[PDB]
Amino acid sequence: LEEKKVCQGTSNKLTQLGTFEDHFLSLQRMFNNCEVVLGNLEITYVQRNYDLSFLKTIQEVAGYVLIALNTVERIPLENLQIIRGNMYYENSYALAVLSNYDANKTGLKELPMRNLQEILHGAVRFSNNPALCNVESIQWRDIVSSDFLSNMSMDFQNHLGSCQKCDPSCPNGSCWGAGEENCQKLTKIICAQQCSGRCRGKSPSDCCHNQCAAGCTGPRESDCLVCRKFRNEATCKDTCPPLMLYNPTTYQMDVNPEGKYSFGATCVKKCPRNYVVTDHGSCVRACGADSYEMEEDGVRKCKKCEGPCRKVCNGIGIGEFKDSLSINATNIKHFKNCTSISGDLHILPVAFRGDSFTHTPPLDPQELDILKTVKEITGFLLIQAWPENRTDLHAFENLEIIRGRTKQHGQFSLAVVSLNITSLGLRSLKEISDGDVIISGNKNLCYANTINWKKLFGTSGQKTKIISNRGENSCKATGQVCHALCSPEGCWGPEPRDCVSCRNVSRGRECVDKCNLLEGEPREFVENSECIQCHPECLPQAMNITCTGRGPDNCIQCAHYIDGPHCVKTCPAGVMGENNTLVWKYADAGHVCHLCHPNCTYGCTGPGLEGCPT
């Protein structure tokens, strides 16, 4: 078996993209060589003599199927087998065919959906396509479940009369395309009461497993054509096999060698790195409200916070924000103190002009500083609009991670296109987990190629696309190439502030030429190209190095006294000990700290009683 070539599926709903010639090219681009439409299938405005010899591979539509306003005569949806009907058109249907006539009543004529058997959800609509015969013969009781047989609306009228009668080798007047190959195959309304699901025959011995949607090949659940609920890499389960089983004898769970993490609508051995692994085995996009992310174990689990935890706000495109296009003026209030965004960011030029359709007034430019709190984002970042007054992306100077969970067009996490921006300004960016980045079309931007995003892409297959920006030769020759002394392999701004890759070293948020070893005011050491100050108690070494770590334990020589392994400023004189007994010490010859006589309560300046008078 091989993974079926998926396509994202359009969502335009009767909107024409460009010219009649070009609208068809868009269709030719999205649905070419596609076998599983992950979204919706919309075939609109296809004009006469335009072929559709690429629609003969779609085997499954996960949303709805809209066929309207066409004029071509043969829309060959050949191998379509099931319309899962997740979404609906007009909130009712999962297959609409509407008003396919041209000017002189010569619209769609041959719609040979012979392999279609099942519609898991929704009704069907056929309307005002006056040149459509040969589908009135189909029986819509086998197709649609018994639940929706009331919502269904059908209308067929071929007033012309050039309707060919079809081959009599199949069900009473039931043919999709005129012939013997293209007539209906009933698999629900022909079988005895002893079957529940589909049934490939009238004999009680050829019944299909209830976890099969269109039809089966044998009697098992591994013999379906398309799986109804899940897919355990060989068969159509109903729920992914649990990770741990509970035996009712010893009253405790037990590992399961068949358990699979339930990701998406499949069962997998393990989940991708950027997803929230639950204990059930589920792999979610955003853990519960009370909970909050974990960091490691190789995965990204979610623990339960300790009360008031980092406020996260559902970004655009989820739940409360599905009616909203971008961050309007209205909906900007709820982004006050969100630390992370479980979602993705749409920055659309409608959020700066203010449309009267959604009754939304224009947004104000300085409001964008509310986004100075966020630190990472789960889905994608989509930047298309920005006030020309500002020279860089200021509201995003805290972001360090881009998870890219629900990416854009299924491809893009970062998308910075066609802006009057002169600097990206990403002094905080540390990784882009998944997706792709398109830094293209910006008027200036300049510093964009000298970043080496390859060091920011955690997963594989990710690619960048950096074109149509002010070339370096036209910007580097105008005093804009970034600063030196900071390992020039990376700069999100002209000053050395950012400089991804910090020279050979760095002093926190800034790059430097070398750590303060040997000399300098604060003594330092080097690990991972970072300069950390020594403990104040290490002696300034004018010869060799000073320390080999942060703690006073790694000093080469203490500045004052030495209490064992540690370098102390003054020997302890009141520190809590065992049995509630205080602790007093003294400095001897080599400034070493030794304990007082147990008796000496007021401390001691020497060993034993010969050290403390009182």
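Think of the rigid core as the biggest set of C-alphas that the two forms share within 1.5 Å after superposition. Numbering follows the first chain given and starts at 1. First, how it differs from the form deposited in another entry.
For the motion between the two forms, which is treated as two rigid parts shifting against each other, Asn100 and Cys216 share a part.
Treated as two rigid parts, the chain shows its smaller part rotated by 25° relative to the larger one between the two forms, based on C-alpha superpositions.
Follow the form deposited in one PDB entry with the form deposited in another entry, if you could.
Chain only, nothing else included.
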């Protein structure tokens, strides 16, 4: 189908993930059955005699390509067509091939990237691999973009024996391997003199479209091999078709019958329901500093800010927190009073233990309470270390929505791994709009799967992974099942104030089985199954109820004077009225006060002027 299988790539630079045959497994796990790498493509520490045959299906790399200290003889990356270079290794390059020999001058000899034809951004570095040969004559100005040819480093010193040749059926002995197919096919420095782009022949009759990125198979925009900027359903456009076009005839606007939303690198019909939709038509992650998000009739938009244009806080890995790992004790003050993290929160053990490499002093676990005002996170939440004295996620008792725009390892939106906390304790979570949920490795944590997680999610295809916690059959032993009040729905904790739906009534924010309807000072009512108390000055009766409403009127009788349908401790004795009069109101036997005579303004005990001494 027209959806090439994608992967997430790696971001290890030179790190080895265990033993030589435990690194290759992690390599095989991520890159097997791949067609479009969305991240990077690291192939490092792949020792002799391993079968890297799964690479013959990769066709793009939307980052860089790093081939580190391998020893295998041949890497079958003979289908790579383009390296978009969205992220540079060493801040300069987008294809690095470094030191592919173990210790004694043997190892990687062949590397037949015969289809590689374009590198949209970044230079290329070869260095220090004295076994790779026949990549020594490739004209590197046909592949690299014409801008970066000043920043390319190349060092070919294949001084290990010799190797085969490549016949003169290819341009001036420029070959990628040894054979007929493994030799370069130029498309940029053989073109005609009237096509500013790629080509497929030494003629103006077959110059390619302006939007083809590696070389066309036809002289149109629907025949490009790899699209350069966008992709409008098998047509490599330049900008997605707008929603409203100008009208030169009438100086007005119109509506495009075919207008799509710009979702990242493709023209989609409608933005995903958890992305900010601007007016132009664009799935923005978090719109401008001025505007502020606000839910429309089923979708999210954002409008301008009037008066106070409140601050927004960037998460980790973006903004001024570009190369920060956790919320360490040098950027926690920047979260002083946030209510929405326009990003994603990483908490790692380096936050507490404190680092020495990048001069970062340790954290005070009391400072972690500043997060108690956060109300929603647009990206994801990755918790990896908590104060051990703590028994629950206390700093997040107000978290309400995890949007799930940025994700961890491209899959997870809520990760709680390897923690020492007895109960999860997010007693205000409502919706995890997108992503997955992993909660594993908590050696003593009971309440993880009692919650019906299938109703916090809001998008089809969301799974949950909850293993290796404290076994359920042990929570039953030590008497740790949640309270008898919480409905059979879930319980974020043992306390009654931590349920998800109180079975009968909820006094404030804690579950109870019966409001006080006859006894107890707070004689309340069960409106909306929430015990709500009334005016204290209402008469308490042991047989009948006290009140049926917050207003001081619904009460049967009153503990003090009554003024018509409403009663209060004392009836008017100098209150303000209408037309600038001091309204006074004298009492009666049954406490039914009556308005005083308009003469006297001091006191009132009898009807009219019978309570006006001098």
